[PDB]
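Number of protein chains: 2
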Amino acid sequence: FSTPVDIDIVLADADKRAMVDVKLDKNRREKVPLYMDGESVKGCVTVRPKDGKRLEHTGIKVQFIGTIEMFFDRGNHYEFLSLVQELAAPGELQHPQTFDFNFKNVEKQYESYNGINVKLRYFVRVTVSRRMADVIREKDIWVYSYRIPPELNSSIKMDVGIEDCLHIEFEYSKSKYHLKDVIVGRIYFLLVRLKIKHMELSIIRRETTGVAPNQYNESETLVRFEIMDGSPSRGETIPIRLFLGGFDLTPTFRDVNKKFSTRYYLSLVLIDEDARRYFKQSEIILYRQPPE
Amino acid sequence: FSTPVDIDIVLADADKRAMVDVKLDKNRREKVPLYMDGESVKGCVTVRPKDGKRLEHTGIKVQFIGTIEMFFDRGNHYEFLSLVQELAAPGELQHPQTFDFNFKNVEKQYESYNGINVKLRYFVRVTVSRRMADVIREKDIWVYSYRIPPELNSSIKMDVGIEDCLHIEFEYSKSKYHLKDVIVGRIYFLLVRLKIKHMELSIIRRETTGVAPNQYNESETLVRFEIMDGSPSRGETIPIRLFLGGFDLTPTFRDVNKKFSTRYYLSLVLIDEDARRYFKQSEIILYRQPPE
Numbered sequence: 005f006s007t008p009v010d011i012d013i014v015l016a017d018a019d020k021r022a023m024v025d026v027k028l029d030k031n032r033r034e035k036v037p038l039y040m041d042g043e044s045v046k047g048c049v050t051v052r053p054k055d056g057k058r059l060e061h062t063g064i065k066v067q068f069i070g071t072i073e074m075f076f077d078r079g080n081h082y083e084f085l086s087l088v089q090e091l092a093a094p095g096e097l098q099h100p101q102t103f104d105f106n107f108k109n110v111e112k113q114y115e116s117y118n119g120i121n122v123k124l125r126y127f128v129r130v131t132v133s134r135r136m137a138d139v140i141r142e143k144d145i146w147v148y149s150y151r152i153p154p155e156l157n158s159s160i161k162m163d164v165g166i167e168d169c170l171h172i173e174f175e176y177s178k179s180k181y182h183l184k185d186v187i188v189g190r191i192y193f194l195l196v197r198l199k200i201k202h203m204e205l206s207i208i209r210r211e212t213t214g215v216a217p218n219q220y221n222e223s224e225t226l227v228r229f230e231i232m233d234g235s236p237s238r239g240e241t242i243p244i245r246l247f248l249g250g251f252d253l254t255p256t257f258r259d260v261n262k263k264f265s266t267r268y269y270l271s272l273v274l275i276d277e278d279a280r281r282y283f284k285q286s287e288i289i290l291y292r293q294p295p296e
Numbered sequence: 005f006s007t008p009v010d011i012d013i014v015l016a017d018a019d020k021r022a023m024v025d026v027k028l029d030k031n032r033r034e035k036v037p038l039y040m041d042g043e044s045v046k047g048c049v050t051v052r053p054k055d056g057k058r059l060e061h062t063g064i065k066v067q068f069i070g071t072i073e074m075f076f077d078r079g080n081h082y083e084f085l086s087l088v089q090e091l092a093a094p095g096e097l098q099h100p101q102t103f104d105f106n107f108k109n110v111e112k113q114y115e116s117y118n119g120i121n122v123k124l125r126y127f128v129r130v131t132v133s134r135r136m137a138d139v140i141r142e143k144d145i146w147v148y149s150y151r152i153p154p155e156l157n158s159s160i161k162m163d164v165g166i167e168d169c170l171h172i173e174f175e176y177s178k179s180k181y182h183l184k185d186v187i188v189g190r191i192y193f194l195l196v197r198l199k200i201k202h203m204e205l206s207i208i209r210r211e212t213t214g215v216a217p218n219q220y221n222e223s224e225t226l227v228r229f230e231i232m233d234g235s236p237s238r239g240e241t242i243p244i245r246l247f248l249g250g251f252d253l254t255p256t257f258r259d260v261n262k263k264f265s266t267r268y269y270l271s272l273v274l275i276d277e278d279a280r281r282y283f284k285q286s287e288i289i290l291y292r293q294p295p296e
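The listed protein sequences correspond, in order, to chains J and C.
Each residue of the first sequence is one higher than the last, beginning at 5 in the authors' numbering.
Each residue of the second sequence is one higher than the last, beginning at 5 in the authors' numbering.
Chain J on its own, in the form it takes in the complex:
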């Protein structure tokens, strides 16, 4: 036999509309249509019958859903957006039928995310209601969030050290970088009484999930970029130029629906000849640039 009916969802702007990729578990890349906050979502639900039989139903509806999924558990799923359009009353289907739908000016407050303990995703869900088992079809969507240049973008500049052993001033040109921006910086050496083998700059991603003492932090190290080979002396200046376009980062996400945060840190690491390791971590905000 198979299914008596197959549901497909075709958008009205399906040819012209842009699509975007998502990295999922074990290097998989999905591609879905792309939307932003305030756009209308409209198209058609196409019902393809497959048998010459009849389908008794107690209603057909289409829903636009945005939801946050935590820890791979269905009981922790929270819909932050739900919109319904009823497409048909209780009845029968004997032949193919199509139904229009339009969700007017749809709010989409968060960017889509696929992480470790957290997913945030948007989809269209069509439901054909039946007496004991519904026929359900999901259709996934990417939503981006956009942001213009910030009013204030201060340089990150600091003196740090291990007392009487290593004193350094480091500088990074901004606090806020767009996803295809460049870390321009320098390291300046004030006091050096240790034997430095190499120095690297690391971009660390932290996913923070939960509320209050229920906090799980997942940490991933997305670059290790060597910026110095060998032992400097005092008065030595080391230039940093690190291109972010080589690492495909997600934006900074802060307290999203009061459930999770995704944060980015520059971690400067110096290693001595005996393999001792000296570090300083600094938060950087990553943002998605609106194209002009």
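If you are wondering where the hints come from, they were derived from the structure by calculation, not from laboratory data.
Heads up, the beta-carbon is just placed ideally off N, CA and C, and yes, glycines get one too.
Among the hints, erroneous ones may be present.
Stated by the list, open to error - Derived pair list, reagent style DSSO-like, types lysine-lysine, alpha-carbon separation capped at 27 Å:
1. J:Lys184 - J:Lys161
2. C:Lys35 - C:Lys108
3. J:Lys46 - C:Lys30
4. C:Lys262 - J:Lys108
5. J:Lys143 - C:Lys262
6. C:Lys54 - C:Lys108
7. C:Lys262 - C:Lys27
8. C:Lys108 - J:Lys143
9. J:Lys108 - C:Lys143
10. J:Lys108 - C:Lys284
11. J:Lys46 - C:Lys46
12. C:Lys123 - J:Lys54
13. C:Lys143 - J:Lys262
14. J:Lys161 - J:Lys27
15. J:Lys262 - C:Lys57
16. C:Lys35 - C:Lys20
17. J:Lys57 - C:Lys262
18. J:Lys108 - C:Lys108
19. C:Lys30 - C:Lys123
20. C:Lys123 - J:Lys262
21. J:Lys108 - J:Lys20
22. C:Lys46 - J:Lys262
23. J:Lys46 - C:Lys108
24. J:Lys262 - C:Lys54
25. J:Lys123 - C:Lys108
26. J:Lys108 - C:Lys123
Claimed, not checked - Just a sample of chain C residues kept apart from chain J, beta carbon distances all over 12 Å, derived:
27. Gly47
28. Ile242
29. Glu277
30. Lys284
Dock chain C against chain J, hints included.
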């Protein structure tokens, strides 16, 4: 003791915004703020603590809901619109706190209705999530639907009768009347071989609930308006002028979310001297006029 916490919801336009009344069971009239399709819903959630204790919670959210309730049963409730804003992560409350909220450009596809087997209502729902029993506060809203003058509004004109006994032509000036419009019409008598005591014009409301053979029809007679006293002869013309503003009707609602219909009929009734009753029913569309 009492409650540890009381939740109140105050809109940002609360002073300037118009309010509207609803007739509910046993002559009760509620009054709630008034909205239309496409308006944003924004304001503040005000938490008044009442005890000097502490409130542990696993999150605070506000939802905008539009739902259809059938047959006084909670298991038949269908949300056709759901929007969520998370206001706080898991934590504690020890003192009063207020939280802003804004639902951008909110779709509100149907007019609010309180009927017999059917309710359609919109509300804001605040939820403070707790370990075993949530603190929940609803805040009800009226939504109207508006419509400009129709492209086609034909007069309803017909010849009807009981053969060789009574032949009449009736005319009503429109098929579509606004809620404060006037039925202007006439009855014209072609053949009269019965002894007519009186003639009345009735506005009948029908509420139709369910899908397919699951159809319940509730019928209510909202006016009985006498238009003739006594026995006419052939060639006699009886004028009708019936003002709809005296009866506070709801608009015509057709196949709302594929779950219900509310429909209006003009029923013309003639009564003979022996109390025999001759009738003709005609559908009329009632609509809510947009003010200029």
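Here is how each hint holds up against the structure:
1. A threshold of 27 Å between alpha carbons decides the hint, and for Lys184 (chain J) with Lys161 (chain J) the separation of about 22 Å falls inside it, so the pair holds.
2. For the suggested pair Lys35 (chain C) and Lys108 (chain C), the alpha carbons sit about 24 Å apart, so the restraint of at most 27 Å is met.
3. Simply put, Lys46 (chain J) and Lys30 (chain C) have alpha-carbon atoms about 42 Å apart, too far for the 27 Å limit, and the pair is violated.
4. Our distance criterion of 27 Å between C-alpha atoms is met by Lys262 (chain C) and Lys108 (chain J), whose separation comes to about 19 Å.
5. The hinted pair formed by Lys143 (chain J) and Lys262 (chain C) meets the criterion: a straight-line CA distance of about 23 Å does not exceed 27 Å.
6. As the CA atoms of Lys54 (chain C) and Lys108 (chain C) are separated by approximately 32 Å, the hinted pair breaks the 27 Å bound.
7. With a C-alpha separation of about 24 Å, the suggested pair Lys262 (chain C) and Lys27 (chain C) falls inside the 27 Å cut-off, and the hint holds.
8. Restraint check: the Cα-Cα separation between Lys108 (chain C) and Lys143 (chain J) comes to about 24 Å, which is no more than 27 Å; the hinted pair holds.
9. Distance check on the hinted pair: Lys108 (chain J) and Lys143 (chain C) sit about 24 Å apart at the alpha-carbon level, within 27 Å; holds.
10. Between the alpha carbons of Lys108 (chain J) and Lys284 (chain C) the distance comes to roughly 42 Å, so the proposed pair goes past 27 Å and is violated.
11. With a C-alpha separation of about 26 Å, the suggested pairing of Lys46 (chain J) with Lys46 (chain C) holds against the 27 Å cut-off.
12. Between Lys123 (chain C) and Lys54 (chain J) the CA atoms are separated by roughly 38 Å; this puts the pair beyond 27 Å, and the hint is violated.
13. For the hint pairing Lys143 (chain C) with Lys262 (chain J), the CA-to-CA distance comes to about 23 Å; that is within 27 Å, so the pair holds.
14. Of the pairs offered as hints, the one joining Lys161 (chain J) and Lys27 (chain J) is violated, with about 34 Å between alpha carbons and a cut-off of 27 Å exceeded.
15. With a C-alpha separation of about 24 Å, the suggested pair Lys262 (chain J) and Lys57 (chain C) falls inside the 27 Å cut-off, and the hint holds.
16. For the hint pairing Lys35 (chain C) with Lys20 (chain C), the CA-to-CA distance comes to about 15 Å; that is within 27 Å, so the pair holds.
17. Distance check on the hinted pair: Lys57 (chain J) and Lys262 (chain C) sit about 24 Å apart at the alpha-carbon level, within 27 Å; holds.
18. With a C-alpha separation of about 11 Å, the suggested pairing of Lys108 (chain J) with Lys108 (chain C) holds against the 27 Å cut-off.
19. For the hint pairing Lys30 (chain C) with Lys123 (chain C), the CA-to-CA distance comes to about 15 Å; that is within 27 Å, so the pair holds.
20. Annotation: proposed proximity of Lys123 (chain C) to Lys262 (chain J) is violated, straight-line Cα distance about 33 Å (limit 27 Å).
21. Distance restraint check for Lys108 (chain J) and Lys20 (chain J): the Cα-Cα separation of roughly 19 Å lies within the 27 Å cut-off, and the hinted pair is therefore satisfied.
22. For a cut-off of 27 Å, the pair hint linking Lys46 (chain C) to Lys262 (chain J) stands: about 19 Å separates their Cα positions.
23. Distance hint between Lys46 (chain J) and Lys108 (chain C) is fulfilled; the C-alpha atoms sit about 18 Å from each other, no more than 27 Å.
24. Pair hint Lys262 (chain J) plus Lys54 (chain C) holds up; C-alpha atoms about 25 Å apart against a cutoff of 27 Å.
25. Pair hint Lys123 (chain J) plus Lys108 (chain C) holds up; C-alpha atoms about 24 Å apart against a cutoff of 27 Å.
26. Between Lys108 (chain J) and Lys123 (chain C) the alpha-carbon distance is near 24 Å, which keeps this suggested pair within the 27 Å criterion.
27. Look at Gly47 (chain C): its CB is around 16 Å from the nearest CB on chain J, clear of 12 Å, so calling it non-interface holds up.
28. With a minimum CB-CB distance of about 41 Å to chain J, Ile242 (chain C) clears the 12 Å threshold, and the non-interface call stands.
29. Listed as outside the interface, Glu277 (chain C) is consistent with that label: its C-beta sits roughly 46 Å from the nearest C-beta of chain J, beyond the 12 Å cut-off.
30. With a cut of 12 Å on Cβ distances, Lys284 (chain C) stays outside the contact zone with chain J, its closest approach being about 29 Å.
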